[PDB]
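A.B. asks: As a plain string of letters, each chain reads:
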Amino acid sequence: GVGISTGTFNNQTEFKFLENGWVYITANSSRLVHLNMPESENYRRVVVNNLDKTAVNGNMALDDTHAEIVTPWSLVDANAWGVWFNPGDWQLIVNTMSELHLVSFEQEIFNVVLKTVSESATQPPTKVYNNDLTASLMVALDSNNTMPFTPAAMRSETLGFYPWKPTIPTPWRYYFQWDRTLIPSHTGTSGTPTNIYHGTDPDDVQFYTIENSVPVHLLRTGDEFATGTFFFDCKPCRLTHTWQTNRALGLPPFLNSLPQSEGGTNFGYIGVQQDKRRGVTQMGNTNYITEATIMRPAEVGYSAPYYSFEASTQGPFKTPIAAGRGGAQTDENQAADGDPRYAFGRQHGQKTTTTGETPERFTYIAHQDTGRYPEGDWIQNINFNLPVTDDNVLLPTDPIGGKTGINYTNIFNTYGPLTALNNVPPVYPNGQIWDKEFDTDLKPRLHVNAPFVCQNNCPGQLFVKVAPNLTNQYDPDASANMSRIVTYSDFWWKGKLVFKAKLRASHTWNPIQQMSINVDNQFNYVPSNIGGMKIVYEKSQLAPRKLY
Amino acid sequence: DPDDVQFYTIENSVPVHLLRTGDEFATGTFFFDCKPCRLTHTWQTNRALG
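Chains as they are written, first to last, in this note's numbering: chain P, 1 to 548; chain B, 549 to 598.
Among the hints, erroneous ones may be present.
Claimed, not checked - Only pairs whose alpha carbons sit at most 27 Å apart, straight line, appear in this in silico DSS-like list of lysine-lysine:
id : chain 1 : residue 1 : chain 2 : residue 2
1  : P       : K16       : P       : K500
2  : P       : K534      : P       : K235
3  : P       : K546      : B       : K583
4  : P       : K318      : P       : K53
5  : P       : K351      : P       : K436
6  : P       : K502      : P       : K165
7  : B       : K583      : P       : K443
8  : P       : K539      : P       : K351
9  : B       : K583      : P       : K165
FYI, nobody ran anything at the bench for these hints, they're computed from the structure.
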């Protein structure tokens with residue numbers, strides 16, 4: 001009814017401990033959601049073309065040209081770690097667990113309130129907020145995944161990360177097809193490179209509408225909507241990282257001389273001359289068995305062309321890579337291609353009491369050592385005469401195409417049948433949790449954005465919208481915009497996300513890395529004297545494991 | 549890198565059997581799950597297909 005509540009607030013995280021070292025993690029999330037009525041009730045096909053920016057030679061990487069359908073609907077997206085876990089729960093998970101399973105997800109909308117705004121004619125402005133007990137809220141759940149999948153984590157537009165802070169949903173839009181050509185250039189290129197928006201292919205037009213594809217429920221102040229529990233079919237996510245590169249696989253060489261004293265100046269020695277050694281190499285025309293040349297079971301990681309931009313029908317885009325740079329852990333200033341960089345706002349971690357549009361940002365330097373250090377690679381001739389001469393080696397310091405700032409490693413690819421690599425780690429709090437699997441016939445081995453990828457399906461997207469609230473003057477044949485009563489809705493959203501995790505076991509003599517509170521980071525986890533909050537990023541794969 | 553340190557000891561991880569002259573140790577049978585290995589070679593390159 002009007003005065004009877006329809007749900008309960010719940011933002012607890014439960015850890016139910018099962019048998020055999022498995023724990024059942026239930027993450028409850030409750031938010032207050034604020035929804036204004038849409039700017040227009042119509043679907044728009046809007047094109048963006050930043051010709052002014054890309055007209056400058058050398059700015060081709062700044063292309064923003066695209067076509068999208070702007071919809072009158074809003075998307076309630078809870079696909080982010082911060083939506084479900086506070087830093088304490090994350091500390092518990094990433095310190096005490098070894099792997100994580102995504103089990104189930106359900107959500108509901110309850111305690112719907114629809115209000116209208118009226119403004120007086122008094123010379124000093126003044127407005128009064130009133131209830132409309134008979135207005136309705138339009139709620140659509142796309143359980144069959146008919147609409148384009150638009151995870152809001154990519155744009156930092158999920159629900160907020162604080163239970164005590166009200167949140168807003170993101171206006172929903174999806175991509176419309178377009179053909180675009182952009183010929184690259186550089187500062188000093190003469191003429192105008194071809195920079196043209198070609199329009200849309202009729203063969204690819206897909207105009208989706210919520211009304212035609214999803215059942216829509218009209219919720220009044222006494223109604224509630226529950227989605228039901230959806231169960232995932234995803235692979236487990238490891239909460240441990242690998243440290244072993246190819247150089248640390250297998251049996252080390254036997255040391256025939258060992259140090260007799262402590263100190264860094266006292267090393268051990270193999271003793272056997274390098275060409276006289278025993279072992280197996282994949283170099284059939286050399287007798288040198290060294291740590292670099294000895295054969296290994298397979299390859300860990302792969303070189304990829306970095307900051308490579310590929311063009312297709314829709315224009316240029318960056319070639320994605322599955323691993324971060326080498327040596328970035330020692331020096332963050334060297335973090336580059338492959339290290340995901342997150343920009344977010346006051347709803348998602350930025351200090352809630354800052355001023356200005358500048359976002360908060362961090363680059364995630366994962367603990368897994370699966371990357372490459374291209375400044376240390378080289379190619380040399382098959383003859384393999386050592387020391388190698390100038391003409392017989394291609395160093396990263398050598399130019400390609402006459403460019404003094406491009407070397408062979410920029411265009412280099414060593415992905416092969418022998419490559420082994422890990423899934424992306426969970427990035428807390430701004431990282432996406434699950435992703436939908438591509439509908440290609442041949443599918444990618446992993447997604448760079450979410451650690452969980454949905455094989456068959458995963459939960460339908462939840463769309464909300466304030467039902468039209470018309471005045472007495474509505475005329476459907478009038479060309480101008482609709483005349484509506486200024487209406488907005490506040491409703492309560494509750495979600496339940498269920499995980500299954502395995503408690504870790506101490507395998508080594510030494511203690512592993514753990515997350516802790518310390519004097520430097522202490523104030524990152526408590527409110528300021530004027531109510532300000534922030535959620536800094538936490539690494540997930542703290543503990544090591546043996547690759548081989 | 550401290551996050552990668554892994555010091556293993558046999559005494560802390562494996563049961564250890566002390567054997568005297570009159571003792572013996574059998575491991576039991578382990579059964580594999582590997583794929584078959586072919587004792588034949590292929591000769592066709594792309595130029596000899598079809």
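A.B. asks: Run every hint past the structure and note whether it holds.
C.D. replies: How the hints compare with the structure:
no., hint, result
1, P/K16 / P/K500, "10 Å, holds"
2, P/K534 / P/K235, "32 Å, violated"
3, P/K546 / B/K583, "24 Å, holds"
4, P/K318 / P/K53, "18 Å, holds"
5, P/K351 / P/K436, "31 Å, violated"
6, P/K502 / P/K165, "32 Å, violated"
7, B/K583 / P/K443, "24 Å, holds"
8, P/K539 / P/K351, "19 Å, holds"
9, B/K583 / P/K165, "56 Å, violated"
Violation of the numbered hints given earlier is confined to hints 2, 5, 6, 9; the remaining hints are satisfied by the structure.
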